[PDB]
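*Asks:* What follows is the residue order along each chain.
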Amino acid sequence: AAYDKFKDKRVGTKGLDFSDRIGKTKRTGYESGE
Amino acid sequence: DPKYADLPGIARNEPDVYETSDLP
Amino acid sequence: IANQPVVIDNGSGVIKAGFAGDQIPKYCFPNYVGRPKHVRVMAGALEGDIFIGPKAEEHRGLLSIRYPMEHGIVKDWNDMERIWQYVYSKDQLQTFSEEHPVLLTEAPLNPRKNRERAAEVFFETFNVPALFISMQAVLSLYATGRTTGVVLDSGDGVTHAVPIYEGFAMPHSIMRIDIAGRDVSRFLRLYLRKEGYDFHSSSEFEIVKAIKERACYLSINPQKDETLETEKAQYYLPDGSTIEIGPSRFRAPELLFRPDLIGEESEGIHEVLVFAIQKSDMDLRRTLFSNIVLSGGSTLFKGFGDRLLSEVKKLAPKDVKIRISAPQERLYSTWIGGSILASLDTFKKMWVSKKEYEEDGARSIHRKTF
Amino acid sequence: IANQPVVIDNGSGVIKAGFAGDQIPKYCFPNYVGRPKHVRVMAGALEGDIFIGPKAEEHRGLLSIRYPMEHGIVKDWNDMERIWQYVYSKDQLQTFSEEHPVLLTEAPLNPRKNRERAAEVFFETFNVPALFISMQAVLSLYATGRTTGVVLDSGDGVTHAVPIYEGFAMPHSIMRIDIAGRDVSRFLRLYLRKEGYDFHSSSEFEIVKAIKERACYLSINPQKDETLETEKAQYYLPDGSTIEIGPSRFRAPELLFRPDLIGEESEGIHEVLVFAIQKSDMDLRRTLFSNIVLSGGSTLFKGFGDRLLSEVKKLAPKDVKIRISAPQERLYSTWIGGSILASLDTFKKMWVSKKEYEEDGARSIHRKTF
Amino acid sequence: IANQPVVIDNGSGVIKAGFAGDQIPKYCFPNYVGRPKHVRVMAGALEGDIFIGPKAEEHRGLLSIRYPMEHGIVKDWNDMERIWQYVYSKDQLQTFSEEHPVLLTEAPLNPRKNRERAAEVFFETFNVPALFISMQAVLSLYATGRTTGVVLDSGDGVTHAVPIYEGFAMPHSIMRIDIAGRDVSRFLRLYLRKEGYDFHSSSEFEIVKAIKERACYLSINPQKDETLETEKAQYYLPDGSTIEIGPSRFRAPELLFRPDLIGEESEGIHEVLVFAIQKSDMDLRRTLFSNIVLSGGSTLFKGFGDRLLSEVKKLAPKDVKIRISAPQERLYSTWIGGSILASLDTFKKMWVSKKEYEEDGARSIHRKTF
Ligand SMILES: Nc1ncnc2c1ncn2[C@@H]1O[C@H](COP(=O)(O)OP(=O)(O)O)[C@@H](O)[C@H]1O
Ligand SMILES: Nc1ncnc2c1ncn2[C@@H]1O[C@H](COP(=O)(O)OP(=O)(O)O)[C@@H](O)[C@H]1O
Ligand SMILES: Nc1ncnc2c1ncn2[C@@H]1O[C@H](COP(=O)(O)OP(=O)(O)O)[C@@H](O)[C@H]1O
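Residue numbers (the working numbering), protein chains in the order written: chain A, 3 to 36; chain B, 22 to 45; chain C, 108 to 477; chain D, 108 to 477; chain E, 108 to 477.
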């Protein structure tokens, strides 16, 4: 049932970088599931 | 100054004033 | 084909949208953009980096609030255009902007380039049949149903008084002041920090606004309540925590009557009203005191009428009859006016067609704006 | 990739392994390497100097136990690599490491050098197609099937609380403490010596762990039950000898709520949960109290829910609804989450490829991992 | 009696005490109360449960540290009263509180209740002849010997900027931010945990503060120093163990310019300085850029002036002369000002007498505060 609920959910991994880099303001990983 | 020098928290080997260039 | 025109009240606080003939605005949402501050980690999360209206109201804690328009001037046009795009979305109205004409309501004595740029959007981006910009004061008169009357419209963004006699507006007697509802909320915040309650976040500032709207009374005599020890009325926060508001309740709203408190050397709202009448010709002055109309959200403070009436009486000439009429629907008077005006057959001649804009450009909309 | 990804739950106590789609972890064995301390004299005796999983459990008496990982940090990498080799061996999954992708589940706020070295092994020693490291808290939400909730995951190695709202995680509100299940076992051993029961050997410490799981209840009032004369509850040891545990049953596990007992300057498990919520925005605090999810084996103590709810209620604000939800499979929740996430097609984009690692290096793991 | 007044600089980090006329503060000690956490077993052991100043620094390992004041606001008054009692004791100034007047230096925009309770102590608990509360910024001008200048006082507890022109202080242009030196120490601690060095104890946090002061430089360009390989500067702990700080050296102090790093929705320190000047009238803005005075301990970072001037230059108007003057005694400037002000005969009219307080009460302090 959990798989069926989350089955069609997607994430935007383009431009993804979680690391402690100061350059270029704030970042938020996984933009959208478009 | 030798009077304030006795204190532990004194700035040494630093410029007194920071200022912008007069010439563009 | 002449489709039913859409009325859009471009308020700084809340945008009120509906069709001409509608009794109430069907779609009313706050005029700010909310973007998520926190990072998305889990799949099946809230989609989109932009939230507008009820979607931003429910998830306020997650989002960072940014107001695109301050004191009736649009600082960020990209955000305001996206908000006007949302007005015609599947959530609100559910119609094409190319099919229906548009009626916009701007504040008096605004910059020319602000109005010009706003119009460009509705003629260039949105291929609207016709656009008519209207004054806030004139629409309030259609709503009230009076040709003669002084309209003191104290909004969230700006406060202004426009004296209009038998449908004639005196363009030299118009007085607008930047101090409005938004400044009182910032001024109240200063008193909350002095009591020891910090509200740094943009999400927390909306609670300070809610505290002002819920628990704030305008004292008839300032000094009496200043000298006397207050009850320190408690307010319950969303989380469950209790704060003591105390003297900040009545000290915050004084800003409207005393700009000296924030340090701005401007006239008080009571001086604006009387001065605007005193500028008029000697025989009309008496009628304008007799017919005073209150509008705008910042008039909704408890005891507003009693305090204003006392201040106007002190400044007004002796033995003059002063009758201040305040409609119960103060907030919705501007929109109701737009609906009445838009429904009139004459309105078809009033607006500027898309074709006329393309030929003459900004010149056309600048001629028919007042 | 056609080959199913392998889920590896690198727990301090027991490693849970299996393929994505599987309902329960097929392969669960204790996380330690047992070496024979006694001398081999006869021909036909037990072969090998290394015993892992059920072979170590069967012939425990011969072996000296040595845990490679402490508080989710690999102390001996040579031993940890051999256990990962054991996961792929004929006794466990019996598959090639280069054919299947890997999903690793480490605790939050671990050292960067641990994550870097751990990854290096799966690209250098094992020629894995792609590696993705995931957080324990996020996976627990996939198992429960909820986007919003606070996950209090008290493991054997580490106890941490991560508040996540509609997928979004607040990384600054994450609280981690080294004190966990293994520390209570050591703390109980202290009371067993005071009572007069010696368990010096590494094998005898595993019996102390079994005693803890069998006979320990969490008192609602600790000072009351400490003063009152306790019933001497007898436990039968593997050899046949009977030991009276007595008051040590409830005095030992109290460490979770009172870290001052061992003498560590840290917050109690009840303070960790509430403090993590209090750091979150004012609007979301009431919803986070409403959605509390328990995880880890260290919550299985009798009266945990009763004691925790009493402690949270005292720290929490007045007139707030506090609902603590316990999944029936508390121990297996984290792994099941991994299987659910791994089965999703969105997981394919999340991967760090072998080729990508070789080009960027350690940077790729830090960039793509949370 | 006109006994010489005592100047007390109630700083968040270190309290600076001495008599008026003194060139430097004689008695400077850390602002916290250390209590012994371990049990006393011996009969000749250290006497007392309260250690303040050099006794606490020497025997730090035994004690549990707890700061009574946070962001310049006294949380525990019982502890604050004992510290003022210690100022008068044989270890520090060694004088009667009844004989000498006092000069107190509080931060701007503090709660009214804070001053009221603080005053009660010096008039009721201590029978002080007279008390005068003064601003930190105004005293800095007496120390520097300049009537016109902006005083950016970035302390351990609080950072604030007060623009003062030819003696006149603009109260509406004063900007205060909670983020200060103590927050950078906590933010650095997070990076040490990521490297794999735990400092849970209150005593161990004081070593982290010492590490920051010894080895921490402010990057002129963050992207350059982020890209370039950082030199791993080793620090030796009391036991002998070495720690390599590495890239965390410059990442920690960046918090002052970017509060979004810790996750606080506030303006950067560089915005605070420029915004405070921009709030002032057009005529004074150019002179305020000409007369900028740096103060506080958080300005002592290597390359602070170079980075600040670059950030101010970007925000400031084009082709304006920006001269930032830093006194060599940045830490001691506030107290030196206090001694200069206190030495004046005009000071007799400035302070509030014990009898004057008893008659009027708290009201006298509130009138003269600013
Ligand atoms: N009950 C109330 N008491 C006091 N102030 C109020 C009350 N309700 C609203 N306000 C103030 O009035 C504002 C609404 O302004 P509004 O009339 O919508 O502006 P506009 O004319 O630009 O559309 C609110 O943001 C708030 O500051
Ligand atoms: N019934 C029980 N009662 C009390 N403690 C238990 C019980 N079962 C397991 N534990 C404790 O929980 C531990 C299991 O931790 P676990 O949740 O598997 O770790 P991780 O989450 O790090 O993989 C055991 O080693 C033991 O200390
Ligand atoms: N050399 C230094 N480099 C960087 N920061 C320093 C240095 N010396 C002290 N600090 C910081 O400044 C703080 C001192 O603040 P202080 O000037 O005492 O504030 P206050 O005005 O509240 O008395 C210390 O706690 C430390 O965080």
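Everything labelled a hint here was simulated from the structure, so no lab data went into it. Treat each hint with caution, since some may be false.
As the list claims (entries may be wrong) - Derived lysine-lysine pairs resembling DSBU-like cross-links, with alpha carbons at most 35 Å apart:
{"hint": "1", "chain 1": "D", "residue 1": "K461", "chain 2": "C", "residue 2": "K162"}
{"hint": "2", "chain 1": "A", "residue 1": "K9", "chain 2": "D", "residue 2": "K461"}
{"hint": "3", "chain 1": "E", "residue 1": "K428", "chain 2": "D", "residue 2": "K386"}
{"hint": "4", "chain 1": "C", "residue 1": "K339", "chain 2": "E", "residue 2": "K331"}
Said to hold, decoys possible - With beta-carbon atoms standing in for the labels, derived distance ranges:
{"hint": "5", "chain 1": "E", "residue 1": "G410", "chain 2": "D", "residue 2": "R300", "range": "25 to 31 Å"}
{"hint": "6", "chain 1": "D", "residue 1": "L416", "chain 2": "C", "residue 2": "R173", "range": "36 to 42 Å"}
{"hint": "7", "chain 1": "E", "residue 1": "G410", "chain 2": "C", "residue 2": "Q201", "range": "41 to 47 Å"}
{"hint": "8", "chain 1": "E", "residue 1": "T337", "chain 2": "D", "residue 2": "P278", "range": "20 to 26 Å"}
{"hint": "9", "chain 1": "E", "residue 1": "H279", "chain 2": "D", "residue 2": "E177", "range": "55 to 61 Å"}
{"hint": "10", "chain 1": "C", "residue 1": "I327", "chain 2": "B", "residue 2": "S42", "range": "56 to 62 Å"}
No residue lacks a Cβ here, since even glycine has one placed at the ideal position from N, Cα and C.
*Asks:* Checking each numbered hint in turn, tell me which of them this model violates, lowest number first.
*Replies:* 1, 3, 4, 5 and 7
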